[PDB]
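Here are the chains, one letter per residue:
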Amino acid sequence: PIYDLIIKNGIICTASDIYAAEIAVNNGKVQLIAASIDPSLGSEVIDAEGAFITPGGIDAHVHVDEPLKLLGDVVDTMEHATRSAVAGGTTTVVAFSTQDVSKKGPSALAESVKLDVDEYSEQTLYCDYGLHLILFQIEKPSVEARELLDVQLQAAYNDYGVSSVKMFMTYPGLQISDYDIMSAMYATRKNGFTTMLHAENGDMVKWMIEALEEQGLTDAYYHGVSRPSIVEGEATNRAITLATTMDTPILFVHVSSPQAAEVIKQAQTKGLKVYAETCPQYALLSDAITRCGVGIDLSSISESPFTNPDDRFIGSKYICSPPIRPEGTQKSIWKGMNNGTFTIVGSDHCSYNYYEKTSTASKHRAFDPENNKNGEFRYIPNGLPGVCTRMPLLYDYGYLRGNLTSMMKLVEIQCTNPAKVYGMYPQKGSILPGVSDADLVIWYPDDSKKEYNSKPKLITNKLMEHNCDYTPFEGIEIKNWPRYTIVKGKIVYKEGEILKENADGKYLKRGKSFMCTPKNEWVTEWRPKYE
Amino acid sequence: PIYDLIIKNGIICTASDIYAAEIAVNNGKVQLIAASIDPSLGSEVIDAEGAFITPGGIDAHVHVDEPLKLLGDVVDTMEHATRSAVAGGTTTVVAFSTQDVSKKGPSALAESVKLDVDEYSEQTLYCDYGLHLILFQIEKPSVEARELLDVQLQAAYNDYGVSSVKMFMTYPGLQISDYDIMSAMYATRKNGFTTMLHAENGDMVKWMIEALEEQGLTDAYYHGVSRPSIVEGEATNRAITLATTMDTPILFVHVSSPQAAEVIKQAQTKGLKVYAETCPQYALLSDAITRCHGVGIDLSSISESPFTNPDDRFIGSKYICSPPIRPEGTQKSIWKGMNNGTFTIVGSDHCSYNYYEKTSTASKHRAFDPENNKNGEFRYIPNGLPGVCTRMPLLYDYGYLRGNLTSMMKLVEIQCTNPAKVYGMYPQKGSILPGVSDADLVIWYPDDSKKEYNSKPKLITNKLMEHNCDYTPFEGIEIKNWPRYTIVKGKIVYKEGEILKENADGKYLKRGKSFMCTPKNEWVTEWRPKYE
Ligand SMILES: NC(=O)NCCC(=O)O
Ligand SMILES: [Zn+2]
Ligand SMILES: [Zn+2]
Ligand SMILES: [Zn+2]
Ligand SMILES: [Zn+2]
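So the protein sequences, as listed, match chains P and F. Residues 2 to 293, 303 to 541 in full-length UniProt numbering are what the first sequence lists, from first letter to last. Residues 2 to 294, 303 to 541 in full-length UniProt numbering are what the second sequence lists, from first letter to last.
Take every hint as true, because none was put in to throw you off.
Restricting the straight-line Cα-Cα distance to at most 25 Å, the calculated cross-link-like pairs of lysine-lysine (DSS-like) are:
# : chain 1 : residue 1 : chain 2 : residue 2
1 : F       : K419      : P       : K529
2 : P       : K271      : F       : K341
3 : F       : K191      : F       : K529
4 : F       : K529      : P       : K345
These aren't lab readings, by the way, just hints derived from the structure by calculation.
Produce the complete structure using the sequences and hints provided.
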């Protein structure tokens, strides 16, 4: 026959279309869309039985264990994360390269990427992955700082196809000044990079943590109290101001604050190139879960402060940054996904064990009496596992339960926009004959009376296919799940089973994003020298 | 051969993708998309030479001559309008059926549509067309009326596939009170119709026109002065408030006011189902063009205007429409609205009256009728511009090529796909879907070519419009691309400047319920409609 694979009787969903058609796949790529394709032309035929077919999900906010250990030891390798991703319908992930301050000169940032690529080249990869670069040390003063930095960004792009840079406005060791952000923006704009910011006011966070500890208020729940949404709002406002002065396109990661969403919306209405990301957890969970409706029935989650009130430390399962917000906030995150505030949705996947206490990758790492650590929220490793649950959670709580407008909005923010904003388009993100990698998800049919033994009813840890010992969504009902995950024209997940023999993932060299060319709009008569 | 038509070497543009691929067409529909299709498989092969291929344009705001003469006599029939559409890359138009106050009972609104369908069934149609229903007489009081109106909308949908209703907040004879709008919203929400509003405060317009005439300020330019942007803003705010109270999806037609755009955006941010339309003229023209004397058209390059003919005091009427073309500095707002999601769709508000003949009932000079106490005052000027032909090329050029729109995808979204979705013609129309889409396609000229194309026009002229009007307001301006092929239901109807009449086979279109116009189910108080 002439094609490797034909998908029949399915409904194709893209960022802008929903329709019944059939797909042929060959040599790792989408080859054809047509009404009906002769089954004898394919080596393998999949009957979708009326189910939706979506592009594979693209999660551009994933944390994996890396050699510099910026977030300490993390339980998931690239092997584990990509396995988990695929079991949950995600077929591309983008992780983070930590700037290595021991490397100097023109190649310093390319050498930072090399550490990661070399490490992951020996692991079994279930899908493709890319890398963002994290920057936390910027040279001073600016006029030099901006010029050698320029050469370094070119080298990172030319050698490894990295075109995105991530910076922090909070966290000791990561927080950089406004002045240094401007220096970076100068370089990124010039090179057409995608500039990413974690926008919380680090000074306010630090002061409030100290004030809480002084009163002995150190339980997990006070992580939220130390940094209310007005702190994320202020910083996001300040960061927009910087981007405006510098005419530099900007993406805010994991937005959770209504105040932040407000200033982001206002900038987008003005036509400034301000992009935003949010995460399932900010729409589905509230901070009531950290101690003892448009989201998850919180009492249905198992192994939480509600079910285990004797365990005072169990709130740590849900500690992340920015914090899961108070009741009443979650609805404005859904509205943000529908109204255009959020360009993409990522997971902020970051995994630390709860049911083992001794390892360096345990949440209980917060207990270290010999290093003046006694379980205070300050010392809790921040993050939740989420790479597997991202796609099904939006399918269910978003599309089926009506919190997202349609399947097309789902695809737009989960698949196509991530590819576009991070320079993986059109190789990834869509279903384009002759062009797209054959990265596809076939779901189960929604309106069927037929029983599918392989379709899960609840989220469990075993279902995650990851290396962590818990998921925060443990025990909750889930109303659909990937029935097939196809990665580069091969079936890698089938009806609850991973097919390791079809794992052929590779590092992905990315291009410059067409969304991140500058507006050419300025506040004053000043222009950068190179203009 | 197995297929009627193959398009090779082109670049496919949809509402969310841009990519090089080839298309096969048979029996009026898109059959196949693939990297490369064997040319021996097609009866006809078109080499696109690297140019973009878009879906055909869908203009859901077109006015044609109709038997009840709501807008007086209009120069274009459905024959003329669809010919003009096709010459400009538009492959579906939606015009308007005037409520016939002489028909009574359950079938009264279906009977209104029948008048139009019957009349156009004898004309040569170059592409498909649908109809919106215009409502200006609502029965009172609301409760007792509910059954009849509800039953009437059902009959209009069941018999003629009409699923949209249009109402006016201005114009004597058309303006309806807030009370009556709520009665209509009650019925339309219940039937999943698309509710359309022209939102200008009619009372403010009426008062200010009388104030201006009292001072003798009657020239065409004072049309704009009689109804500044704050008037469109107020009424748009009022209409949103009504739609909110009634949990009814709403579309605002030809939005031109920054204040209107602002309250529209705020509602969209809240998640209310508020949609909006704008038109090329609100982004490209300013009111300076209505009397003698960088993001729009260079106004001095327009031929046959108050700039070139300052002797002709009435020539400003060529550019009189409602809402008015706005003062300098407003036009940029409209582009931003197209980019940031404020505007769901772009239509033309195509409405044609002759300028170079003065005697007929379809002339602009209709405003001169000494016996009916009419002496050229702006009040008597028939409102409207021809635009159905120029809509797609104007956005291609001044939008995509000149960088006022963000991408070709955004162009397709607002010009083709969203119009189909919001008015229940999707997926039959609006996209390029194998086995599903009517083969309605445009092949442009290649942008980056050094090759000469004798058939590619450099300027907009009246002759190029292929319409029945004797002017276009964009006469004389540079245009940097144009449809090279317009394919309608798998047949070539426009090729390189020539209309192919023998391939004209357009039909009336029965439309469905729009998936965008199901209600949000969100209310201001504990009250719910009886049927829920
Ligand atoms: N307003 C205008 O330009 N023409 C009359 C058509 C209409 O808007 O109903
Ligand atoms: Zn972060
Ligand atoms: Zn993170
Ligand atoms: Zn109107
Ligand atoms: Zn109109």
